[PDB]
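Build the full structure now, drawing on both the sequences and the hints.
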Amino acid sequence: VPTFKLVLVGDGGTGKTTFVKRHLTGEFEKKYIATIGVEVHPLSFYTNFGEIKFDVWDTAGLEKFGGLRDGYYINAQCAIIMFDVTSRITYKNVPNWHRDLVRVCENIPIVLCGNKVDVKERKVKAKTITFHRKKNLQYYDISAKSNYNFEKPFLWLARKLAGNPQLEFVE
Amino acid sequence: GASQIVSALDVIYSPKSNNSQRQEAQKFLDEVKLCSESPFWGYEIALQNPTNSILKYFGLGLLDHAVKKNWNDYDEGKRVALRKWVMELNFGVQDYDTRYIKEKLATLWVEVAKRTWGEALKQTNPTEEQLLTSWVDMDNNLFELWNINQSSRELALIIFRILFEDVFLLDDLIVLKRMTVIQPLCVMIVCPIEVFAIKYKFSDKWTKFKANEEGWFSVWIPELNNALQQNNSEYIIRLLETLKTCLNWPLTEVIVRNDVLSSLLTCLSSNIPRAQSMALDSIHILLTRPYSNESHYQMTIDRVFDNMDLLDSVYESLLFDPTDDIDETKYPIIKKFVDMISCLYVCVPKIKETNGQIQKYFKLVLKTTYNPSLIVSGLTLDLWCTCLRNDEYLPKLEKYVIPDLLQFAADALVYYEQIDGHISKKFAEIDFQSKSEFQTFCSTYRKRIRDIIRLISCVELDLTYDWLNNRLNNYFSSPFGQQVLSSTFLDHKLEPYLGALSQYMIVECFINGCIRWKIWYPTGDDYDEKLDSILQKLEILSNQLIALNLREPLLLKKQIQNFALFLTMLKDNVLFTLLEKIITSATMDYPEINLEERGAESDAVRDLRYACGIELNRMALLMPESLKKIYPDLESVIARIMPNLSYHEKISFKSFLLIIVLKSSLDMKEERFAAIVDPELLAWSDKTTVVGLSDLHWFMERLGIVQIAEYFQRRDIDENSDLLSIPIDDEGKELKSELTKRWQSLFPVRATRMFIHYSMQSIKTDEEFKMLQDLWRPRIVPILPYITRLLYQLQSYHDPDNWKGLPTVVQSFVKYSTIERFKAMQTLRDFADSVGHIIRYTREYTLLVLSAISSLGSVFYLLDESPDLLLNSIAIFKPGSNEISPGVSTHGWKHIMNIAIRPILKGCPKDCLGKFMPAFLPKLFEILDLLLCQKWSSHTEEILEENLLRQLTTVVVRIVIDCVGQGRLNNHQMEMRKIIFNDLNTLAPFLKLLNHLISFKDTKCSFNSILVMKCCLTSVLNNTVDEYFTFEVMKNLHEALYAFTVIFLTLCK
Ligand SMILES: Nc1nc2c(ncn2[C@@H]2O[C@H](COP(=O)(O)OP(=O)(O)OP(=O)(O)O)[C@@H](O)[C@H]2O)c(=O)[nH]1
Ligand SMILES: [Mg+2]
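Going line by line, the protein sequences match chains A and B.
Quick note: the first sequence, position 112, residue 112 per the working numbering, numbers continuous.
Quick note: the second sequence, position 282, residue 10282 per the working numbering, numbers continuous.
Honestly, I wouldn't trust all of these hints.
Unchecked claim - Dumping the calculated DSSO-like pairs for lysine-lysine here, alpha-carbon to alpha-carbon at most 27 Å: (1) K10336/B with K10447/B; (2) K10435/B with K135/A; (3) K10016/B with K21/A.
Source of the hints: derived by calculation from the structure; they are not laboratory data.
Dropping the structure here:
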């Protein structure tokens, strides 16, 4: 079966490690724990066209702790730029993460995710998310606390990688 | 040993390693990164391990950390050694270096350049050593790098890309401190020395930093041209990536001298999609950049507009069939291209059309407007609107594009989101997240299409009129047109109805255009006969539409709403010939359907009639004088129509007559007013009702709960049975209809509200206002007690302690009837919900009646019983348990305060304010205090309840700030403050209410109350009030702290 290395990147404390945890187990973590270095978590999905695996690299989002800050992107085959609508600073750093990312891997599919959409006090709004409209990035509002868009990023990336828009997940 | 580093890197990058040993290796490598001599180790690793890309990248990462975090600590020797190492690594690039290695080498070079390049220029005649430390050779070194080999050429291109991005496009902190010496140096290196001399007069110390005399542009562009001819795709893409960053800032002379735009156009005509995207971005940048010399700008726009055939060919090449699967490699390019084209229209007036450039441009824009995607068309709709609304362009469009743009806009005014398999949906799954966004965008798109049609009608009225006649005639002969004409009800989700509705929206747009023509035409001597022709054409169009005898109620509603626009213009005599048709067609009977069964057909007919009433009343308000000419014929017509018109609409037409009678300067107002009104308000004074209102049991009986009990008995309904499981039957429906019909006319709250509201809707003079007050005082003052009794009953209805006297059979039904939450009934639960709806609807209309009576001013406020009557009705006290109005919904209190109390306070005349407020406010504040205290004592559906409580609190806060304002004032607040503060009886409960607001859990309410206090402290203290304030306010309690300190300092004084 195919294995695609996915690098999950985003401003620290935006919910990167909660998202991959939620995909590993249906649980949810309340604590904010600063991830140190990178966490490697093999994900897998079942689809009408068999099985695929994402070897997700959950990178640390803080300057203090990013070990090989951008060395992790080497040989990446997809990426997710994670920011949370609750704070506009995390979104303002999206272009910086995109520079750091495409600089190491040119043509990989990249998905832009707005996290923590469950809370009604979103400070990032549709009129500001045009960054994705500009960079040809696929955007999704998501929440690790709500499954409504919890599978869209991986679905889109699987379609792009497999070259098969008809691919769809099942469980 | 480096072998340790290699092992650690393998541990990190090895898939099989667990995260714990990854943490171990990472900690080791962080210590290495933090070690002394880190840059030297990085350089050694990078130079010695060219084959292992991971390890080389790690070494470069060490160097980058050194230059990016320790540049301040290093002395001169270390800094020059770092520069030497970076330059040596860059010159050593080879074909086997991966792309990211080249990117990293370029990043190192750019960092060192930003931090050292040209720092010596700030001094006068810098020494040779100062030149060396400032990296005088950088340009010469790059020129060396450019010629080493192909890989070094690509590396140099990357270096330029990153350098210019950081210097100009991004907010780099290190550059903000050096702009004055970096940016001029960039301009120097790219531009020839001669060109540079023109803008800058600097001395020889600068020119020594330049090695390529002609500047780099003389190198990149010949390279780009030679790559294009050879069709070297990769090299073209790299060159465009570098060039895209350095077209905005540099001097225009170099751009023109090298003929950059020619190369960009050649790229754009190349089949390479990446090259096309880069070239479009570059051309847009080149068009929008600031030009110091306008001759160059003229040359640029002339070059673009002379190649409109090339752009059309490019667009044709980008197009693709989207039916099966949209091509995502070219769709973004199409969006970008069409985005560029939409920005060129500002250049049109400066183009000298020698060879039909403007014609070709506008036809190209129109061609891009036909694009299947709605985003692509939405890009150009704004262009079309702006071009149409600026008189400069209209000659050009008129001669070129208007007749075709009209046809498009007409054919594009459809409901995309509801058409099955529409080609536009294919792109919706890509451009939009969810159907909500798609529908919102479709609504905006159709709005802009309607604007286009409206403006085309305004500008080209005759052409559009001929086109419209032809279109409608062709349509209503088509089989869909015949189905629409020969049918009474259509699925308003299917092709026939949607098509007919689009035709009627087009007609509406034409009418709006005709209206705008009155303002748009320059009011010359020719204006009169032109407007006469427009009126005749509109009259003919309206007669043509009427002759179709359309009966589909939901389309007939749109037809009526369109005809409403005609009459804004049409003459007095034709006014009747149209109004009679409107009235007699909207109020037709529909034997095919039994009305009041709440079926879709009955709802459509009800909406039709309600909209007809609304339009008639709106028109009467707008032009009462015109309708005076034909008023008796309107009386005759409406009398003719009354028999088959339901009460809920008898009122809506009588209000229209009333508006004409009052505001049309028609003589003998009093008798007509009596004839219109007295029959409707008569129900209030009915003696059985006057006596009945004083008993709650009679009120329940009239509401029908006794009949509900009998119905339950005849069906053997167990009071404990779950009503939701029991279905409604024929007797249930009949009883529902009977009850609602009898109730509606028993308490004519709607009739009163309509008559009072429209009567006072607009007044010209205080004399007319006095006349209206005289007309209303005899009829309202005797009735106010009964309206307040009705409200009293509706309040006491919600109290469970009250309906305890009713039969046990119906207890659950009544209890359900009080449910608050937010189609035809099917179960007894729905029946109870409908009874609750009846009660709530009557409550809302009673509140609106009380609010409307307030607008009569002296008639209401000046009464002695107004405040007691109004308050006793709302606040239902009970002996013992002092809770106010038990069982009434919090949403109910929100509506009460928002509709009745707040407008009544706001509407107090200042001559009557002396009598009303001193008797009203005390009890009002006391009631509010007790209320909010009781509800907050109790503090998903629970979250919704809390939100409603917070809403009610905000409403009370709004009332308070209206009363005394917040921390400037107006006459109302200034006048009221005298009453509030002078009357201790008012002040005490006012202070209690304010304090309770201050201490409540909601942030906004508490903060706003704190501001009110901040604005109120200095006045209240100016005896018993003082002590009460001190004690309670202090024990209760960021300007809140400021107010607390002021209170302490003042009272403790
Ligand atoms: N409201 C909301 N909070 C979330 C959501 N997902 C995660 N969080 C919060 O995010 C925090 C988890 O911290 P992390 O996931 O480690 O933050 P991070 O993005 O991984 O950043 P680093 O730890 O620095 O790598 C918890 O406090 C959660 O409450 C979400 O979907 N909605
Ligand atoms: Mg984390």
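Here is how each hint holds up against the structure:
no.: 1; hint: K10336/B with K10447/B; result: 23 Å, holds
no.: 2; hint: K10435/B with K135/A; result: 23 Å, holds
no.: 3; hint: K10016/B with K21/A; result: 19 Å, holds
Comparing the model with each numbered hint stated earlier shows that all of them hold.
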